[PDB]
Amino acid sequence: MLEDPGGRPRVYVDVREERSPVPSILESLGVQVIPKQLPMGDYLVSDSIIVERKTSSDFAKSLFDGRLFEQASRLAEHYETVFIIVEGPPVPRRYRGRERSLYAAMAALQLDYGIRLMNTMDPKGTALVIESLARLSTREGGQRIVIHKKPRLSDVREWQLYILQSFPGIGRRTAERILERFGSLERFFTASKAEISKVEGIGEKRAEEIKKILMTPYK
Amino acid sequence: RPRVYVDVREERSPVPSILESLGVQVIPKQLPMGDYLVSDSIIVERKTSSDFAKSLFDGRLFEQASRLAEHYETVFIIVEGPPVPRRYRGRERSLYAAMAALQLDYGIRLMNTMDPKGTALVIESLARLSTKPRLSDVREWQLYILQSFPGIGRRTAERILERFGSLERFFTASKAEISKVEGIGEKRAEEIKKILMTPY
DNA sequence: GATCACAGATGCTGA
DNA sequence: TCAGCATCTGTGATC
Ligand SMILES: [Mg+2]
Numbered sequence: 059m060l061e062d063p064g065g066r067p068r069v070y071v072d073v074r075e076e077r078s079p080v081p082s083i084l085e086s087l088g089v090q091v092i093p094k095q096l097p098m099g100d101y102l103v104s105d106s107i108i109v110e111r112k113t114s115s116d117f118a119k120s121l122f123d124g125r126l127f128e129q130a131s132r133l134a135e136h137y138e139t140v141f142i143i144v145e146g147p148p149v150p151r152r153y154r155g156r157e158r159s160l161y162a163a164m165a166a167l168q169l170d171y172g173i174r175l176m177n178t179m180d181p182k183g184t185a186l187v188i189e190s191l192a193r194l195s196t197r198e199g200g201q202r203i204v205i206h207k208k209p210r211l212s213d214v215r216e217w218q219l220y221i222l223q224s225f226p227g228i229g230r231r232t233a234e235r236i237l238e239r240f241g242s243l244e245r246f247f248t249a250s251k252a253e254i255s256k257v258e259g260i261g262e263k264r265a266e267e268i269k270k271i272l273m274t275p276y277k
Numbered sequence: 004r005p006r007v008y009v010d011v012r013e014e015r016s017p018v019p020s021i022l023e024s025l026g027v028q029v030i031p032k033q034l035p036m037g038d039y040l041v042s043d044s045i046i047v048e049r050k051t052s053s054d055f056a057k058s059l060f061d062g063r064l065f066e067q068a069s070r071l072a073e074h075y076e077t078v079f080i081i082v083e084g085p086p087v088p089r090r091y092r093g094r095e096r097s098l099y100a101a102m103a104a105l106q107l108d109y110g111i112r113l114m115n116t117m118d119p120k121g122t123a124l125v126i127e128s129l130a131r132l133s134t135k136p137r138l139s140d141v142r143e144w145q146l147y148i149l150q151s152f153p154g155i156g157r158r159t160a161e162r163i164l165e166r167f168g169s170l171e172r173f174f175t176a177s178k179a180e181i182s183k184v185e186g187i188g189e190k191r192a193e194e195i196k197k198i199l200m201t202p203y
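Taken in sequence, the protein lines are chains A and B.
To get the working numbering, take the position in the first sequence, counting from 1, and add 58.
To get the working numbering, take the position in the second sequence, counting from 1, and add 3.
If you are wondering where the hints come from, they were derived from the structure by calculation, not from laboratory data.
Below, simulated BS3-like cross-link-like pairs (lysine-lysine); rule was C-alpha separation at most 27 Å, straight line: (1) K119/A to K135/B; (2) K270/A to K135/B; (3) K182/A to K94/A; (4) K207/A to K256/A; (5) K57/B to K182/A; (6) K94/A to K135/B; (7) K196/B to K277/A; (8) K50/B to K32/B.
Construct the complete structure from the given sequences, taking the supplied hints into account.
Written out as structure tokens, the structure reads:
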């Protein structure tokens with residue numbers, strides 16, 4: 059339903075991912091690819107889409123590490139839309155028979171925290187899926203769809219949001235609202251019980267908690 | 004014991020037999036659309052990889068996607084086989100793009116399985132499956148929050164709070180003040196203040 | 001036609 | 001994706 063094509067295709071790569079064949083492929087499809095340290099995940103696609111890239115075997119490996127679902131729930135807490143892209147065959151040779159595990163995980167990542175899975179065949183596939191997501195999610199809409207003014211994509215904003223999210227009571231939406239209000243973390247970290255409760259979604263109780271955290275001296 | 008309703012016309016599929024033999028109660032119903040009804044909320048659509056592709060290029064896939072999405076809260080399309088069948092090497096851009104569009108514009112969820120075994124494993128999983136961290140002492144929330152800054156460990160978070168005794172105090176300290184803390188140099192300090200001070 | 005208090009709907013966080 | 005519950009809101013009783 060969203061109609062209009064958006065701006066210059068742009069995404070941020072986390073540094074740990076920078077190494078991939080993926081970024082060069084991405085640039086080769088005309089996507090601007092900016093390598094930065096992101097709080098989480100490997101590709102920042104739009105303000106509310108994070109992408110975590112995993113080879114089918116790292117998918118497997120981290121399922122049994124315990125790594126997978128910790129990472130999973132973090133991503134799902136902080137971004138409104140999480141894509142895990144699995145690159146290569148869903149079940150690698152080395153992992154046959156353990157398939158009941160793998161597919162079960164997939165079904166759980168999907169139902170438990172609403173994460174979204176794409177399976178790609180190679181880097182180029184991942185690079186295509188990322189590029190399409192980038193394009194699709196930009197796009198401002200047509201019939202009866204308001205267009206809002208949208209914050210420019212940045213890593214610095216992402217961390218500003220990651221830092222706000224770490225507070226009790228402060229989640230995805232509120233962190234955003236806190237930024238539009240105060241314009242700055244430091245202006246926010248400086249306001250009063252009163253002013254922090256002005257925010258849609260925060261009450262006296264959560265405001266008190268926040269203030270008390272900001273101010274209580276450390277023994 | 005998970006129940007799943009299988010549509011009559013899916014019943015030629017190899018999948019349901021495997022389902023049966025994993026303890027899933029396979030019941031045939033006459034489905035309004037879809038291949039397996041996993042709950043009232045959750046419908047599954049099973050397509051072979053080159054069926055997915057064939058129907059991408061017919062324009063049936065997106066028509067089907069439409070009805071699935073309108074008539075059910077959650078929609079899965081399980082695509083059995085490699086995402087890009089040989090017949091379609093060279094149109095992959097078109098395939099993945101459709102996968103992107105299915106998820107962002109229709110909200111539809113995809114799985115990719117390697118064969119009927121996987122598809123049945125996935126279905127069974129869903130059938131069953133729908134059947135810090137921090138806790139409030141202020142001192143601890145403090146060490147948590149600081150530790151979500153780039154580069155900052157627990158030991159550095161400690162030392163930060165030793166020097167400045169308060170977050171509010173740290174959050175307003177000078178680049179020079181901050182970068183002197185042990186385990187925060189110029190590099191990490193620059194980022195911190197950039198984070199602290201960059202406007203919307 | 002305005003306030004208000006409060007009970008229950010909304011919409012969030014946190015996973 | 002969704003439980004659990006904080007925050008918000010619509011309602012209707014009163015002035
Ligand atoms: Mg990764």
